[PDB]
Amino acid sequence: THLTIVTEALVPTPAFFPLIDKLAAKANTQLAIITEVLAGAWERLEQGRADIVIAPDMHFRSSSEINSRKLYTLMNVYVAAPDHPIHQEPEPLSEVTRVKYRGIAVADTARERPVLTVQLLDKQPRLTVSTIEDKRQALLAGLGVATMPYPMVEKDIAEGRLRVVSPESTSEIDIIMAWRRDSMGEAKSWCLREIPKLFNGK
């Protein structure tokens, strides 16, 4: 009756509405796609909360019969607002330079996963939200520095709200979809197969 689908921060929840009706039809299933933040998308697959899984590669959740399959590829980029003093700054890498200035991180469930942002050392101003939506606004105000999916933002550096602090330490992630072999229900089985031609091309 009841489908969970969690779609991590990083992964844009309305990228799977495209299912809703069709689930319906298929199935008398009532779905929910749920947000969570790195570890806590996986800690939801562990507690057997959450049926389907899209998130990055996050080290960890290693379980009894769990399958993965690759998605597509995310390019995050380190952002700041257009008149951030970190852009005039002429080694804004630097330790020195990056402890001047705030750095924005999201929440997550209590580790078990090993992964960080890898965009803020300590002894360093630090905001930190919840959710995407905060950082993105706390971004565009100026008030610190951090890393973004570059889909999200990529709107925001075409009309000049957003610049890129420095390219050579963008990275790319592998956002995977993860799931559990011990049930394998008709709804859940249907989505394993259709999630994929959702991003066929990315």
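Numbering follows the first chain given and starts at 1. What we label the rigid core is the largest C-alpha set whose atoms superpose within 1.5 Å from one form to the other. First, how it differs from the form deposited in another entry.
For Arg126, a C-alpha deviation below 2 angstroms is recorded between the two forms after rigid-core alignment. Superposition of the core reveals a Cα shift of less than 2 Å for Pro82 between the two forms.
Residue displacement note: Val115 has its CA displaced by at least 2 Å between the two forms (rigid core superposed).
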The other form holds:
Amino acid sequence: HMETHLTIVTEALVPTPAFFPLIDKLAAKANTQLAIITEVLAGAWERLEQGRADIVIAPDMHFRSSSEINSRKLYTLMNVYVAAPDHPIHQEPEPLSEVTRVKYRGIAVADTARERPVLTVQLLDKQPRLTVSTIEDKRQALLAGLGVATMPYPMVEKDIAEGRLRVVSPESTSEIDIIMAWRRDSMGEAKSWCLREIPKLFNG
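Moving from the form deposited in one PDB entry to the form deposited in another entry:
The text that comes after this line covers the one chain and nothing more.
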């Protein structure tokens, strides 16, 4: 109904290309131009709170208890603690022991900058770390043997199969619920349509 602009935020763990089917359909449904922006952890939620994002696709988080924010579970994602095959972490009797983990470099994706608070990986103080902005940069660092870190399984599935990466220990494997969140204090055609279409991209 004349040109419109909707802004979807996909957190770093969420593949942006999964939302590409929406683009053509949104151009036919309305005259709506899509913006699918990437943010990291709390940065995704912050965008929603500050009213700078129509819909957020992100891991379930403590922010969700907000009264004017609706939310719905989309799918589950698996996180695996990986390292390059030749990394010494593999020869460790107790790779997840606090005494062992400090010996080896962790790799973190920043949310705004170097931020100690993280839940995916418990980086310890005095432990070496590398910090990057993108999930791809983190992958390349891991492929190059530069540290040990958690990754979304889809992004490293081929890597593990083809022996470029190796799961450090299955004990650390975690499941994260990926949720769709939005604010009820505003509504439009395009936003409503997306809220209905996005779940269809995944389960049903």
